[PDB]
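Below, in structure tokens: the form deposited in one PDB entry, a single chain.
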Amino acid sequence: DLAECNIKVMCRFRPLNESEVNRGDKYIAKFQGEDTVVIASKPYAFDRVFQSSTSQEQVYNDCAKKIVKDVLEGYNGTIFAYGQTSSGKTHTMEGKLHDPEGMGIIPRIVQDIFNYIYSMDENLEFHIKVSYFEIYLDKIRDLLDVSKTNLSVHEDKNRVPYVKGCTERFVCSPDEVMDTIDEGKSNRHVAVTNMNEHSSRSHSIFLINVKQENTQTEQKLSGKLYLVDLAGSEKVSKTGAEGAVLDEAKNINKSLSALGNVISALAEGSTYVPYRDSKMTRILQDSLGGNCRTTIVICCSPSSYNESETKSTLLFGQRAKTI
């Protein structure tokens, strides 16, 4: 209702890696202005385009800073990291959790929430609760409690969605939150044979609920910020058991396609948005579109080898036609 589709898209290119250089790949991305990248002669503009040496600090200031303010202002928000595997999603969303320079968006957000709280501490009473869960094969598992598997989405008395039985943990300091993230990351290995395969094919969702009440004013505020590290958008090249010399069978991830439809619908100014297309979009319903701010950071390898995948990513990001 604020502006309808408050979706910003930033494209982040990472440096060519040693494997790409070793392979003999070339840097195909050309840049123009602070918002356009050129691939195969075709220009793609976005809210911003980050070249290969952009800092975690620049990404946070341009992509998340304002959203954090909105959450403290009492609004909901969502920030996504989209792209093929090895593009830079995790580096962007979390990076080095404890390195002041190398930390990603999540650490910097936590840092800013508490710092803000510390500068308040007068008449405002805060309460921060976090949740950490993953979506694999359109099934939800609690990363804070590995017994909570295949959870279901439900809507409460006031339409607000929630994951039935998902752990909600009250945190009181940045360190408590990082410990929570660290626990979730360790818990994730449970019942997973191949973590590489699993991580690239699943979605991590970290929720930060910031509630506050001014003891004097009495006006209460509550904001939810969902931080999402999506599954790899590259469906192609699925190796394994199937038609040996005859295969090309694999779809686009259910949640990614559901997200695509939701973003396109919002971009079109449609009154009906297809949130029900997936558990992910259903849970995110009260924080995606509407009167919520949303930043999607599409990450890309500048490699000649990943040219076609990059095109796809760029195209996905374009679903949110801005003006």
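Heads up, when I say rigid core I mean the largest set of C-alphas that superpose within 1.5 Å between the two forms. Numbering follows the first chain given and starts at 1. What changes on going to the form deposited in another entry:
With the core fitted between the two forms, just one of 266, 68, 59, 29 shows a Cα displacement of at least 2 Å, namely 266. Comparing the forms between the two forms, the C-alpha position of residue 288 differs by 2 angstroms or more, with the core used for superposition. In the core-superposed comparison between the two forms, residue 6 has its Cα shifted by at least 2 Å. Comparing the forms between the two forms, the C-alpha position of residue 46 differs by less than 2 angstroms, with the core used for superposition.
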Given for the second form:
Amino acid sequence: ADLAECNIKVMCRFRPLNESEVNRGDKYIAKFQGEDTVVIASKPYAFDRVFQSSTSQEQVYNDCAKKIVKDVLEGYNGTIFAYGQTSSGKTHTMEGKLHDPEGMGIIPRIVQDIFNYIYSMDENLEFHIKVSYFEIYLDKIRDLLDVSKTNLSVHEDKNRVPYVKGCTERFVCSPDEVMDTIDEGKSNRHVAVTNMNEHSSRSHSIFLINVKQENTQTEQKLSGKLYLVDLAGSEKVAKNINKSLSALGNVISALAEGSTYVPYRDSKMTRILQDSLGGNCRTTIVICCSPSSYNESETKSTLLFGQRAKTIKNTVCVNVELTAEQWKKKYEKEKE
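For comparison with the form deposited in one PDB entry, provide the form deposited in another entry.
Chain alone follows, minus partners and molecules.
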């Protein structure tokens, strides 16, 4: 009818072994079945989809993000975030070779698709797309489009949904504008960072696409937020090196158990993704793993996080906006 309940989608992507791993006695320990199951230590883990090391960027996008883009275009909130220990393949998955047609990742592909669609519709559909690009490090938000603001606050919008107050919101009209924006952010992130390899492994990168469209015929306004997240490393020290990752794990556990209380507040990361996790949003998590034997423990660890998240259910619905005028017309036609 109106709204529907849906599970969080969880895709597991293994990457091929790197030079480093090959040089040691590292052996490929992932055994594949069908295309939804992977075996590690004579144990099966079934997901919505399992991607082998040979799976191309393009394949991942089609099986994972293309659908999200379609929902967002329909007025749905969607989220996609990569999860896994450092070097498992999160950035490669979400970003890839930003401008390489064959090597680019989910984000740049989603950007092209959004505009391909728009350029297809008639003039009756008017889209207003603004983007934001910030990062969360040590529980503090920095705007990648304006690095001078380094500790932005999370507030609630008019519809009581979490949002980074005061973060840059660029209005874009073409893919190119979004790409330049993304290049601008990648670049500023280096400022005041004394070691990008370590920094990025320990920080959260969030790219937000706010899509608002209005139909002149139907007189309806739809709006959907699209979070594309490149989480910090899930590896442990005894416990998660990233407290924010401990939070994400607790939130995921609470939801998966059906507990009335969910610790979203433990970190602003989990507060920003509050709607993505248990709310009005179509979320897809891509857990990234190393097929390496040297990494077997972190992998099982990652596979479990995926198995829990998979059991969570959201109650989503299109996000329509009506004026008091439009609202009453319908109210009357219904109050009949």
